[PDB]
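Trainee: Spelled out, the chains give:
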Amino acid sequence: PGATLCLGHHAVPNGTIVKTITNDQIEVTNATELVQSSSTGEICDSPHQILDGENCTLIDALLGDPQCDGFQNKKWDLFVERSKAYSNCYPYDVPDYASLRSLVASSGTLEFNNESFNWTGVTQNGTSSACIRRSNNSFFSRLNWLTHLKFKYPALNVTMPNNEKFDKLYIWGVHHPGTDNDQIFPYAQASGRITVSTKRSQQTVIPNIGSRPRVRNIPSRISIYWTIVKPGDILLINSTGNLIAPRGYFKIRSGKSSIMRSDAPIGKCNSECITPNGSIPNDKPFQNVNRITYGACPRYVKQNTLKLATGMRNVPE
Amino acid sequence: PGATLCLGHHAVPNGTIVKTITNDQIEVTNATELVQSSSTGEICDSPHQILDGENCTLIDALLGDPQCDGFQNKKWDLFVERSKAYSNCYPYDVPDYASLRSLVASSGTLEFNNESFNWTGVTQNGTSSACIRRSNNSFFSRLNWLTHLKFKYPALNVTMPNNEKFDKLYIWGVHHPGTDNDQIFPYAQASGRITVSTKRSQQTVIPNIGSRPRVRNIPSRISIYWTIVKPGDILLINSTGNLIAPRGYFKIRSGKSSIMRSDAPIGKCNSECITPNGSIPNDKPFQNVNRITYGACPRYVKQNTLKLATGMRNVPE
Amino acid sequence: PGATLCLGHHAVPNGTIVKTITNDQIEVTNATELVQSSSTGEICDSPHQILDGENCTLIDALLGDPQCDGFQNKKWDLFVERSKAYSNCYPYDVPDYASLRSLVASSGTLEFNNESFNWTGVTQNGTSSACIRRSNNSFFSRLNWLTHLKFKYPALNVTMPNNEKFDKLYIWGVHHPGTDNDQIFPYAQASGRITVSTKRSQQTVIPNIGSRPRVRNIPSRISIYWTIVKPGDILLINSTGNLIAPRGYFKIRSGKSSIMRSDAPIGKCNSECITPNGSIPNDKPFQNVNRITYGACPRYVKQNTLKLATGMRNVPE
Amino acid sequence: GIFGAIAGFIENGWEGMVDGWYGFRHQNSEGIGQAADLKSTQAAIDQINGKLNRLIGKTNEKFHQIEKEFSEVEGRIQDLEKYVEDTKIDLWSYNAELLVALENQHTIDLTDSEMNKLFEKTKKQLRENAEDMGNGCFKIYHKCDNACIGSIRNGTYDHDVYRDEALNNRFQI
Amino acid sequence: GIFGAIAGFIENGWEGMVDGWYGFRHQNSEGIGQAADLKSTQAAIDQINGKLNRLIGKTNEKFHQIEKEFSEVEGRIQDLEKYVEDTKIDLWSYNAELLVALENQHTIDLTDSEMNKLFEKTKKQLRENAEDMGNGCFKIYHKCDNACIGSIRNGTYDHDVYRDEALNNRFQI
Amino acid sequence: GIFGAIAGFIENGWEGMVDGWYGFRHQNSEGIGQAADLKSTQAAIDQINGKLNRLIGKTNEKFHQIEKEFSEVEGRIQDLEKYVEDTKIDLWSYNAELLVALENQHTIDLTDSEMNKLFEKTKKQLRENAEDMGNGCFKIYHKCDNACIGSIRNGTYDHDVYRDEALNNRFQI
Ligand SMILES: *[C@@H]1O[C@H](CO)[C@@H](O[C@@H]2O[C@H](CO)[C@@H](O[C@@H]3O[C@H](CO[C@H]4O[C@H](CO)[C@@H](O)[C@H](O)[C@@H]4O)[C@@H](O)[C@H](O[C@H]4O[C@H](CO)[C@@H](O)[C@H](O)[C@@H]4O)[C@@H]3O)[C@H](O)[C@H]2NC(C)=O)[C@H](O)[C@H]1NC(C)=O
Ligand SMILES: *[C@@H]1O[C@H](CO)[C@@H](O[C@@H]2O[C@H](CO)[C@@H](O[C@@H]3O[C@H](CO[C@H]4O[C@H](CO)[C@@H](O)[C@H](O)[C@@H]4O)[C@@H](O)[C@H](O[C@H]4O[C@H](CO)[C@@H](O)[C@H](O)[C@@H]4O)[C@@H]3O)[C@H](O)[C@H]2NC(C)=O)[C@H](O)[C@H]1NC(C)=O
Ligand SMILES: *[C@@H]1O[C@H](CO)[C@@H](O[C@@H]2O[C@H](CO)[C@@H](O[C@@H]3O[C@H](CO[C@H]4O[C@H](CO)[C@@H](O)[C@H](O)[C@@H]4O)[C@@H](O)[C@H](O[C@H]4O[C@H](CO)[C@@H](O)[C@H](O)[C@@H]4O)[C@@H]3O)[C@H](O)[C@H]2NC(C)=O)[C@H](O)[C@H]1NC(C)=O
Ligand SMILES: CC(=O)N[C@H]1[C@H]([C@H](O)[C@H](O)CO)O[C@@](OC[C@H]2O[C@@H](O)[C@H](O)[C@@H](O)[C@H]2O)(C(=O)O)C[C@@H]1O
Ligand SMILES: CC(=O)N[C@H]1[C@H]([C@H](O)[C@H](O)CO)O[C@@](OC[C@H]2O[C@@H](O)[C@H](O)[C@@H](O)[C@H]2O)(C(=O)O)C[C@@H]1O
Ligand SMILES: CC(=O)N[C@H]1[C@H]([C@H](O)[C@H](O)CO)O[C@@](OC[C@H]2O[C@@H](O)[C@H](O)[C@@H](O)[C@H]2O)(C(=O)O)C[C@@H]1O
Ligand SMILES: *[C@@H]1O[C@H](CO)[C@@H](O[C@@H]2O[C@H](CO)[C@@H](O)[C@H](O)[C@H]2NC(C)=O)[C@H](O)[C@H]1NC(C)=O
Ligand SMILES: *[C@@H]1O[C@H](CO)[C@@H](O[C@@H]2O[C@H](CO)[C@@H](O)[C@H](O)[C@H]2NC(C)=O)[C@H](O)[C@H]1NC(C)=O
Ligand SMILES: *[C@@H]1O[C@H](CO)[C@@H](O[C@@H]2O[C@H](CO)[C@@H](O)[C@H](O)[C@H]2NC(C)=O)[C@H](O)[C@H]1NC(C)=O
Ligand SMILES: *[C@@H]1O[C@H](CO)[C@@H](O)[C@H](O)[C@H]1NC(C)=O
Ligand SMILES: *[C@@H]1O[C@H](CO)[C@@H](O)[C@H](O)[C@H]1NC(C)=O
Ligand SMILES: *[C@@H]1O[C@H](CO)[C@@H](O)[C@H](O)[C@H]1NC(C)=O
Ligand SMILES: *[C@@H]1O[C@H](CO)[C@@H](O)[C@H](O)[C@H]1NC(C)=O
Ligand SMILES: *[C@@H]1O[C@H](CO)[C@@H](O)[C@H](O)[C@H]1NC(C)=O
Ligand SMILES: *[C@@H]1O[C@H](CO)[C@@H](O)[C@H](O)[C@H]1NC(C)=O
Ligand SMILES: *[C@@H]1O[C@H](CO)[C@@H](O)[C@H](O)[C@H]1NC(C)=O
Ligand SMILES: *[C@@H]1O[C@H](CO)[C@@H](O)[C@H](O)[C@H]1NC(C)=O
Ligand SMILES: *[C@@H]1O[C@H](CO)[C@@H](O)[C@H](O)[C@H]1NC(C)=O
Ligand SMILES: *[C@@H]1O[C@H](CO)[C@@H](O)[C@H](O)[C@H]1NC(C)=O
Ligand SMILES: *[C@@H]1O[C@H](CO)[C@@H](O)[C@H](O)[C@H]1NC(C)=O
Ligand SMILES: *[C@@H]1O[C@H](CO)[C@@H](O)[C@H](O)[C@H]1NC(C)=O
Ligand SMILES: *[C@@H]1O[C@H](CO)[C@@H](O)[C@H](O)[C@H]1NC(C)=O
Ligand SMILES: *[C@@H]1O[C@H](CO)[C@@H](O)[C@H](O)[C@H]1NC(C)=O
Ligand SMILES: *[C@@H]1O[C@H](CO)[C@@H](O)[C@H](O)[C@H]1NC(C)=O
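Residue numbers (the entry's author numbering), protein chains in the order written: chain A, 9 to 325; chain A', 9 to 325; chain A'', 9 to 325; chain B, 1 to 173; chain B', 1 to 173; chain B'', 1 to 173. A prime marks a further copy of an entry chain.
Just so you know, these hints were derived from the structure itself, not from any lab. One thing to keep in mind: the hints can contain errors.
[Claimed, not checked] No farther apart than 30 angstroms at their CA atoms in a straight line, the calculated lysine-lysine pairs in the DSBU-like style are these:
| no. | chain 1 | residue 1 | chain 2 | residue 2 |
| --- | --- | --- | --- | --- |
| 1 | A'' | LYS264 | B | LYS82 |
| 2 | B | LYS62 | A | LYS310 |
| 3 | B | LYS123 | B | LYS139 |
| 4 | B'' | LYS82 | A | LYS264 |
| 5 | B' | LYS68 | A'' | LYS264 |
| 6 | B' | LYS143 | A'' | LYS173 |
| 7 | A | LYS310 | A' | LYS310 |
| 8 | B' | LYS143 | B' | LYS124 |
Chain A on its own, in the form it takes in the complex:
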């Protein structure tokens, strides 16, 4: 009689369809998903240092809007800005807002050092009803609104050397009055000029008198500027009025920090990859959750599924 010996291979009742170079649908015994397509919906608070902005934008926390006093000197890996944030101080604009937001975000710190500027000849600490701190009229905590002393505002010519190892970031501003009265009451003279300079740079700004639509009842504006001063360089501030002076400098660091816009809640959990939709697992090489990511993340692709065969062709009985 003899014998029969048959060579063969397994099969499964429930195969999965994959794509190949020659066939868009071929059934294999098993496959695995290469595109991460879901999130829990929370931003995990570990292992990255998360700073929830709550009601505050980064720029508001920088300038020192009263609601942002809790942010002083804080550090982050990722600053999270919420869509409910709003400003509640003197109305302002920042020419090239996006750049200042970016450079502070990537620096990753609000560390601020007070300096004693020689402001002799003027009244310091000007305040406004549009910027309430603890029921009192107030102002941005990091800024010093200078006004007349006994109806004179003499020329200011003030210097501050950088003897540190690091770059200093100075934030400052110009007051644009709504009317003639808004120029006379604080400075009691026709017109101001501001020149802020270093060995390597200069910025001059002229106040422009004129009505702007009222914001929290104020038709004036502050325009915010910045100046980086290198080690061994010197800051020079030369003003005849309308100067919103710095109280000191921010430390500028380099490292891995950033900023993200998200309304996802922060959770107590541990995930390396953050998206605005929430943290996502990072086992897969690709993802279609969000193009915006932070951390050790899969690469964003347009496909919502890509199946890698992990078994042979399935040829059921």
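Keeping the supplied structure of chain A fixed, place chains A', A'', B, B' and B'' with the ligands upon it in accordance with the hints.
Mentor: Quick look at chains A', A'', B, B' and B'' with the ligands alone, frame taken from chain A:
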């Protein structure tokens, strides 16, 4: 005697040469071209909505140069600018011309809504011999050149709320006079200032008196600016002279519109892919006609031919 | 007895490990390196035309700082800027420095043509102790510091047509005085204004009086601007003071020129690929020496080694 | 597919083989049996694990990048930011699509290869004692009990022991 | 190339086979004939059509982009626009070159595979009734008329019917 | 790996074969010899040289680009310059990694293929005069001196000359 049975394969007298991983020239029985390298030389008028600029740039049609009156309120998928275009109105410049051209191009509409600004105290509708419309002196149709009323030009402080669902685009300008006479005749006073503002933004511009090389006999210039006003925000225009006022706003849309520079004729035909050289077929995955494309187009590559084998190796008898 | 016939293949005692799709370490008989990871440390002077900046930045050589007089009218493929470079003339800044540096670098020439501007009414050739040329007080060689003639500085209104085939590049400047005295001594009047224009463009600049930190004992500054004038266009300079005038124009070319920051020595040798670390061989398709390259260069990758198998699997006895 | 065993000369797979990917079925005097071949099974699995090792858990860290959503119209710089991102995403999407298509074609081919290699090895082992029937089965021309079949599966079968019996059965009239 | 049939042990192709890609020529008592094998032919064609389905008519829509030609010198922003575009084009040009080279190597290999598979299937069908001559031809050791050849081409040949005749012819002295 | 010869049914390579990549060892009445096969050797080498021709000495010229190092903090434009470059480098690094992995898998497979093709060609040449032992060796069932072995290596061996001797030795009891 028995038999002989031979296995074999076909061959052709006229094979084609392809490239492989191991050989730069191997002959196969058949191949197909993957790089589109020709055009008919016409831009097909279907299925995209084409707007031929003819003598007009997009910016001229926007401002309302007299030769561009036929463009009022038109829409496009693709605006086509011709190298023969020329301006024939008051000479002007647009700081960041390229951005305004871009944002209007992608909006895809010249839809304009007139608004009634309260211009009491000045003479409206100023005109010039450098801008002829129907034999008469005229001006840009979308702009309102304000001048003195009885040798006075009082301060203007005019407001316009945005109560719409969409962003409004305001185009406006400043007149820079060529001489002292070009300042006195229209405004009859020393110097103008313009501040255009919203809750979120402000732009101030000062006229600068001075001779520029004459263009169509005019040594003055207009400088063109723009302001986007969001729903619920308010436009504020504050001027003491030299204001080229808006007559209303443009609708700003988002969608798939763009602009292309081309001298190709428009034809009556149907093609999904437009290049400046003409429409091209889009059956192939790649093309070397032009890096500039619009529509469902093959991807631009540097190679002028890439042949995909569609048959076996050719081994002739 | 018969015979035995065995088929086989070679092997080597010293195989090399490569990566594959299915195995991260498999031994083959031979392999070759695809990533260039070393340099000699010199920039080869052939076959590209190298211009060693030595103590001079490109911008200093352009303006004509005294130490850079040897650079007049030179051409380069690659301009090499050294970290020891320093300025030794009147202190200056260039708004958008990086753009001017770039456009001159890519033009690849310092070819300068003198022009005779009609400067009647003023004193030409102003000089300074901060800019010593051959023991004498001097100035930037390509710039003309205009001052009063007999305590008057009349309005200047000067024209220069472009009748050439090429674009002309004009470099010019404004003097910002440190004090009132620095305005009176040179111009002997309150304030200057500069408008530089063409048929297609205009730039106006106002001097701003104010103390800046002293650089080589000078608290004033020059701000440098540029203007390109097309064939058939005309340059117009209109000033009432503080103008640092051009002496002519630079030719602007297009071609393959660039600029690189490097402290590597220039050697007498021949290499097509330059990096800031030195020239590198270009036999390999990839390199991990520097992302900055010039010439026929391997493509920068992050890996420091990638081994291509050039033999079979090694299966030792 | 490329070797012709799986979905080729082997008509179908075996749903009842649950302890390996490749194996042997036999019929002899003592009945009909099945056993998995662990070495071919492990060869295929090790290759697939090699691919997975190159794809799973290998992500890159990125930190501060560019903005990718915008609330205002801005023109030229914004157009460039958007185009850079769109360009990047299309290039990665292409990479991902091609990677999976190529890897899957290769997985199908390497699994077919392992089947073919096992078949070939078994054929050579049997020498003149069996004939290939064309469907992955050998007709063995001698009495081949459970220990004999085991010997073939373990690579220890001595063809000389049965050659006289087999030749006599094969080359009969 | 990788299987060794096309441009290998098959000396050359047949220009006179115009109704299929693979096939059979024979010589027997009734003459010399040729017939295409439709199943191998269709197997190769279906795979090539699979590639074409992934390459032809699959383009992406793009609309507003960045500018890519410039009439003025501008410096930094323009340098960046140009570099982004040049970067993109080089990356796509690379993708295109590699795609075609890989696909072509694979097409050559899969077509060789189909030839080899047909040869192997035919060899197994003939059992002990034929010997392989090494050039893609079998010497069949029995009378094999047109219907018999047809039976081999249609997969219906019963080797047992001819085995006695063939063994006697083969193993003669 | 995919054909099963190299690191498969051929147990190991030969360190003493220094004049070719593939070859023959024999044992006969006149001793034990070794000779390289130049045609298989050249086939493998030509394919590898084809890859090298596509990779070595093929660089692209670039000239003025964007800046890639910065001494000052600047924000938005600088962020974009850095991101463009980082994007480019990651995409090229990916291309390089994948290229080498794919090419190496293919080199290993094509070299295994050439070994298999030589084995198959030799097997077919010997017809009924030899049997495959399963380890890349044939048992030849006739007296086969140095000239006879040479004939097999040169593709000139006439199997009919020895067939009677071989059949008688093979099919003995
Ligand atoms: C179809 O194909 C896939 C891929 O080949 C198979 O899925 C794999 O299955 C194995 C074995 O079950 C899994 O191994 C286990 O991984 C666990 C970690 O899982 C998480 O993390 C990984 C990232 O590394 C993610 O991919 C995954 O989704 C999870 O989020 C370990 O915890 C397990 O360890 C267990 O055993 C060891 C002892 O050996 C112990 O040390 C542990 O304590 C624990 O008990 C284990 O290693 C593997 O994760 C799966 N891979 C993938 C990509 O999913 C399917 O099994 C296969 N299907 C069939 C039917 O065969
Ligand atoms: C060498 O290799 C190539 C690719 O394998 C072969 O070219 C293909 O040939 C087939 C058959 O002739 C072509 O099929 C026909 O396509 C027509 C549409 O053509 C246009 O559009 C496609 C995009 O989809 C473009 O690629 C192409 O260039 C054209 O611009 C259809 O109209 C045809 O349909 C006909 O038959 C059907 C019935 O089956 C009817 O419905 C129709 O009314 C009509 O009568 C047909 O489908 C195919 O387009 C070609 N592909 C390519 C990429 O070119 C060569 O034939 C081959 N050479 C040899 C000698 O074999
Ligand atoms: C392991 O694998 C590699 C790649 O297959 C082999 O390396 C190759 O070896 C050959 C032969 O020795 C080399 O060929 C020689 O190239 C020289 C030029 O070398 C430089 O330039 C190339 C770029 O083109 C660089 O890749 C290389 O690193 C060098 O910088 C020629 O000058 C040689 O020519 C000689 O012979 C000819 C006559 O045939 C004469 O015209 C010449 O005058 C001269 O005498 C020669 O062509 C080749 O460069 C190597 N390639 C690579 C990529 O390195 C190893 O040999 C191999 N190892 C083993 C043990 O086999
Ligand atoms: C430093 C200083 O002068 N603070 C003043 C401030 C400024 O003079 C003014 O904002 C400059 O533009 O003015 C404050 O009052 C004016 C303010 O009064 C409110 O009641 C009203 O709502 C506003 O429209 C405006 O008239 C201020 O609070 O801003 C007082 C402050 O001490
Ligand atoms: C609104 C208005 O004032 N329109 C005037 C216009 C302006 O005053 C002037 O352009 C402001 O710079 O001047 C017009 O005339 C002056 C013009 O006369 C031409 O003949 C000559 O070609 C020019 O050089 C210039 O002198 C004008 O047309 O521009 C009259 C217009 O009503
Ligand atoms: C063209 C001209 O006026 N040249 C003067 C120059 C300018 O007036 C001045 O730089 C404008 O700001 O002044 C020079 O002297 C003043 C200079 O004197 C030095 O001794 C001192 O070190 C400086 O602080 C300053 O007071 C000059 O060299 O700059 C003379 C020059 O002729
Ligand atoms: C310029 O016009 C605006 C709008 O009419 C004036 O602003 C309004 O002032 C009233 C009180 O006078 C406030 O109650 C409104 O809230 C203001 N509206 C806005 C939109 O700000 C403005 O006062 C005018 N300026 C001058 C100097 O007359
Ligand atoms: C400044 O100079 C320019 C050039 O000389 C003067 O412009 C010319 O004026 C004449 C009439 O006076 C015209 O015919 C020319 O067409 C003008 N040329 C150019 C290039 O515009 C200009 O008038 C002078 N300005 C002053 C205020 O005197
Ligand atoms: C404004 O302040 C600066 C700093 O005190 C003054 O500049 C110094 O002037 C002295 C001589 O008066 C020089 O020796 C120093 O080198 C200068 N220092 C710097 C940092 O420049 C400047 O003179 C003051 N300006 C005015 C107009 O009083
Ligand atoms: C098939 O079913 C088993 C058991 O339910 C499951 O574990 C496996 O993942 C499934 N496989 C596929 C390919 O769906
Ligand atoms: C944020 O503002 C909202 C709205 O006014 C308020 O209800 C909430 O208490 C504020 N939260 C914090 C943390 O200040
Ligand atoms: C700077 O301060 C000095 C010294 O008081 C003064 O002379 C000068 O006018 C000031 N300049 C400005 C622009 O405020
Ligand atoms: C993540 O958030 C974005 C917001 O733009 C949304 O469009 C996207 O679909 C979300 N994805 C998932 C998986 O929730
Ligand atoms: C060969 O010739 C035929 C008939 O003229 C033609 O249809 C076919 O496209 C040609 N093939 C090649 C590869 O050139
Ligand atoms: C465009 O301008 C040219 C040149 O002046 C003229 O001949 C033509 O009629 C104009 N076309 C239109 C459509 O206005
Ligand atoms: C704005 O208009 C108001 C009201 O007429 C006036 O007081 C003010 O000076 C104007 N400002 C400007 C800059 O024109
Ligand atoms: C398309 O137009 C461009 C203009 O730059 C030209 O350079 C290119 O060669 C043209 N291509 C074809 C196929 O006509
Ligand atoms: C092995 O050694 C030889 C002789 O020393 C050398 O030429 C060759 O390059 C080496 N091969 C490897 C793979 O290291
Ligand atoms: C460059 O400057 C240094 C430092 O002052 C000096 O020693 C050297 O001689 C200068 N070299 C040239 C070429 O001018
Ligand atoms: C330009 O020069 C002219 C003629 O001298 C003069 O009238 C005018 O005021 C000057 N303008 C400026 C801005 O210097
Ligand atoms: C080249 O120079 C750069 C300077 O940034 C340095 O970081 C890099 O490691 C150098 N590479 C080599 C191979 O010397
Ligand atoms: C074959 O190996 C298995 C171990 O898996 C063993 O149980 C069996 O008895 C062995 N049989 C022979 C004949 O070697
Ligand atoms: C084989 O099949 C063909 C149909 O294509 C038929 O004409 C022929 O008669 C068949 N012959 C046999 C012997 O089955
Ligand atoms: C085989 O070829 C070689 C040439 O390399 C020759 O030396 C040898 O004598 C030949 N032998 C036969 C039998 O053809």
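Trainee: Work down the list of hints and note, for each, if the structure agrees.
Mentor: Against the structure, the hints come out as follows:
For a cut-off of 30 angstroms, the pair hint linking A'':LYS264 to B:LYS82 stands: about 29 angstroms separates their Cα positions. At roughly 19 angstroms between alpha-carbon atoms, B:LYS62 and A:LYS310 fall within 30 angstroms of each other, so this suggested pair holds. Under the criterion of a C-alpha separation no larger than 30 angstroms, the hint pairing B:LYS123 with B:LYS139 is consistent with the structure, at around 11 angstroms. Only pairs whose Cα atoms come within 30 angstroms are accepted, and B'':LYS82 paired with A:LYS264 is accepted, the gap being roughly 14 angstroms.
As the CA atoms of B':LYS68 and A'':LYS264 are separated by approximately 18 angstroms, the hinted pair is consistent with the 30 angstroms bound. The suggested pairing of B':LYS143 with A'':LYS173 is violated, with an alpha-carbon distance near 90 angstroms, which exceeds 30 angstroms. The straight-line distance between the Cα atoms of A:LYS310 and A':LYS310 is roughly 25 angstroms, inside the 30 angstroms bound, and the hint therefore holds. Between B':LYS143 and B':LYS124, the direct Cα distance comes to roughly 19 angstroms. Compliance with the 30 angstroms bound is thereby established for this hinted pair.
The structure fails hint 6 only (numbered hints given earlier).
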